[PDB]
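Enquirer: Working from the sequences, and respecting the hints, build out all of it.
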Amino acid sequence: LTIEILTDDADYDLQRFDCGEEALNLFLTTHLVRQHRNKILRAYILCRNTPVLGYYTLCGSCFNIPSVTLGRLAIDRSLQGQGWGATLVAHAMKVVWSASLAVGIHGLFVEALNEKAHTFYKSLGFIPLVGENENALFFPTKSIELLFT
Amino acid sequence: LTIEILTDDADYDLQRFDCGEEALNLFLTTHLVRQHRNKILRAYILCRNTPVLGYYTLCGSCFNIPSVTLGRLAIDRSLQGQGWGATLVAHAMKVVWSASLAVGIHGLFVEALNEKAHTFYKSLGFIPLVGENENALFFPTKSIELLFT
Amino acid sequence: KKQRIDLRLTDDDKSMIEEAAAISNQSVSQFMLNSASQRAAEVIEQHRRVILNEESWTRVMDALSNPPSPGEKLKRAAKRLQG
Amino acid sequence: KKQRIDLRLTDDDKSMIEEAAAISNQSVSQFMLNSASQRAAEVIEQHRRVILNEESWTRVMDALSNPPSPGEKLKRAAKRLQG
Amino acid sequence: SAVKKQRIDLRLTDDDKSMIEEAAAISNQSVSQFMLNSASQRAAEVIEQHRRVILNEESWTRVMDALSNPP
Amino acid sequence: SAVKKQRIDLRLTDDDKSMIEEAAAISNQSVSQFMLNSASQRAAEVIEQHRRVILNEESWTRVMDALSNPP
DNA sequence: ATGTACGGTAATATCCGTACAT
DNA sequence: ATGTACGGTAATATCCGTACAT
Numbered sequence: 004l005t006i007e008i009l010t011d012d013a014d015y016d017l018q019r020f021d022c023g024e025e026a027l028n029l030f031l032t033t034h035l036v037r038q039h040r041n042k043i044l045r046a047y048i049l050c051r052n053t054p058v059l060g061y062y063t064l065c066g067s068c069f087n088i089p090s091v092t093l094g095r096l097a098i099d100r101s102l103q104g105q106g107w108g109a110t111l112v113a114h115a116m117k118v119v120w121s122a123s124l125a126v127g128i129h130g131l132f133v134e135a136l137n138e139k140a141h142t143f144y145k146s147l148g149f150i151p152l153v154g155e156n157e158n159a160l161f162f163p164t165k166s167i168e169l170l171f172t
Numbered sequence: 004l005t006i007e008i009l010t011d012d013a014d015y016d017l018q019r020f021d022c023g024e025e026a027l028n029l030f031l032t033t034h035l036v037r038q039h040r041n042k043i044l045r046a047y048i049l050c051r052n053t054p058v059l060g061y062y063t064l065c066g067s068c069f087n088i089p090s091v092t093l094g095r096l097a098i099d100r101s102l103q104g105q106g107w108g109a110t111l112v113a114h115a116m117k118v119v120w121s122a123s124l125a126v127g128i129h130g131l132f133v134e135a136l137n138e139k140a141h142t143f144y145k146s147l148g149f150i151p152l153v154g155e156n157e158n159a160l161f162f163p164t165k166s167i168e169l170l171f172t
Numbered sequence: 005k006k007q008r009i010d011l012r013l014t015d016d017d018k019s020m021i022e023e024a025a026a027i028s029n030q031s032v033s034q035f036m037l038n039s040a041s042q043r044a045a046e047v048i049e050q051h052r053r054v055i056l057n058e059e060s061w062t063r064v065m066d067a068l069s070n071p072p073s074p075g076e077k078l079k080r081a082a083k084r085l086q087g
Numbered sequence: 005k006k007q008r009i010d011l012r013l014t015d016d017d018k019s020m021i022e023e024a025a026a027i028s029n030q031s032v033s034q035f036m037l038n039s040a041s042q043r044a045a046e047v048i049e050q051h052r053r054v055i056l057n058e059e060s061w062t063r064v065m066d067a068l069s070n071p072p073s074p075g076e077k078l079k080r081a082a083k084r085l086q087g
Numbered sequence: 002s003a004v005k006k007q008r009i010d011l012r013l014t015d016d017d018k019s020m021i022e023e024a025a026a027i028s029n030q031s032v033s034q035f036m037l038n039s040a041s042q043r044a045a046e047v048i049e050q051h052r053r054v055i056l057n058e059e060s061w062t063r064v065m066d067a068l069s070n071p072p
Numbered sequence: 002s003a004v005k006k007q008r009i010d011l012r013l014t015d016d017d018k019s020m021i022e023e024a025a026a027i028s029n030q031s032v033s034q035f036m037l038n039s040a041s042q043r044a045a046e047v048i049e050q051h052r053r054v055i056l057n058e059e060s061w062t063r064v065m066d067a068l069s070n071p072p
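Chains as they are written, first to last, in full-length UniProt numbering: chain D, 4 to 54, 58 to 69, 87 to 172; chain C, 4 to 54, 58 to 69, 87 to 172; chain Y, 5 to 87; chain V, 5 to 87; chain E, 2 to 72; chain H, 2 to 72.
There is no bait here: all hints are sound.
Here are the computed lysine-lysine pairs in the DSBU-like style, where the Cα-Cα straight-line distance is at most 35 Å:
id : chain 1 : residue 1 : chain 2 : residue 2
1  : H       : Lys6      : V       : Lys5
2  : H       : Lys6      : Y       : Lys18
3  : D       : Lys139    : V       : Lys79
4  : Y       : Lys83     : C       : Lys165
5  : V       : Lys5      : V       : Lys18
On the chain Y side, residues computed to face chain V include the following (Cβ under 10 Å):
id : residue
6  : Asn29
7  : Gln30
8  : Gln34
9  : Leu37
10 : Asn38
11 : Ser41
Everything labelled a hint here was simulated from the structure, so no lab data went into it. Virtual Cβ for every residue (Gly too), placed ideally from N, Cα, C.
Expert: Take a look at the structure:
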């Protein structure tokens, strides 16, 4: 199991990988590839060495102070729990942190639409926002630098 | 000396009546009559029984909560001080108060562009507003009802 | 619909107005007349007071709830009013 | 300038769109295409976060000033990352 | 359903088309079902938002007419 | 001065004229000196307000290109 | 020089017609 | 039925010309 950014070559496939939530699977199967190709987002996939068991999406954003946003993260039902989800979060943090070393980014936001995801991101250290930002959790670039010493 | 609303008849005249401030005299001599005729404001003049020694202007407003606004009030230099100015403020309050009995108005605002005027309206009971409303002073309709028992 | 406004201006002024109108997806007709009658309301009606401020709005609401008693000067002026 | 959009709609829908366009001093061309590409940005870019809130903005600023130490789970995940 | 059809034909830049059709497909609807729905909701918004302006003008002229004479 | 002339001709409703010419006279300037000054300040506003949008798009695409590979 | 002002012919852009598709 | 699509002639509205004034 390795994590890699989506390859712009055609015929990539990797059809179905149920994560439990129909919306995330639908986004993976009908939005992710085109939005990566059209530079709307940067899509990263976790799959085996034969060619998918997970994915996440990154997107530059502003809070203006520039940052990066993790909008979607999904893990197949055969990989139950938070483990490889947290590993994918660490991979995304490393990507955002190299990007901050390059062009300057002060933090990473993350979208949490349900309470299970809210608790998941809260167990990883993300700070809960309130009000109109109740579904958004934040983690600074300084903490990501601390993570990789 | 009597106070009366502007008469829509032509040839009213009453040329010059210096109050000290060139802006108020200019407004009286080149804006007041037309804006009253065009229903932009309601102009009241204090003059003698022969045909001006003062004036004020009223204008409906919203703070939405409906109110009335005293934008301009001027008293001739021959009538030095606050006396007839305060009497004109009382006349305007009575007008606003009958208007509240008629259609419903919850207060009266007043425009104060300099510190002398600010202190003048503060001596009459107007409450000082702050921030972007620093030049505006307010008096409720309940206090005007109290004034006329 | 029935009236018209005719004015003359600099080619620099016209270039600026036309550029901003194109940015607004508008003809210079609608840009000029909008930016005119939209900014003209700001002049012909000072009939609105945005008190929004933590202290100012609370002062107004305390005046509405607790109405201040008419001061001495206001009472003397009311006495001077009758005549 | 070079492309076009063709659609069909109800005379009720057209009456509403035309009325609001006239209120906006706009043709149905500019009203439709504006109200389209102006609302379409709201979809194709969720790249902005208006944290403005007395608590949320202060939480973010306290995170920027005082950065929280990486938790145990994040450290274990970083250990699981190398492979 | 219960309704019929009547067209509208407008012209844009292909770079604006792209941004329109992408958001249309992302909302799972045709370009027509996007453009029209967005235009209609905008149209209802600026059709009630003008009604409130007319109400404000009416009540302002009421307070103004009452700021004149006693009657 | 230092500049020349080049006209613009637009058509309105007389009820809109009224509101324009009144504010023009209240600002102590001709209808031309009103219309043109207001249009020019609006034009500069939405000419710098678009420059900031272009700056935002540029820096966003910079962060986006850096969110890709290590180089 | 520039503010105000009227109207006629160039320009535009609003419509249909026409097409095949679902 | 309706979404997508091309272009030709009706409609518009952008220009000048022309006017007297400051």
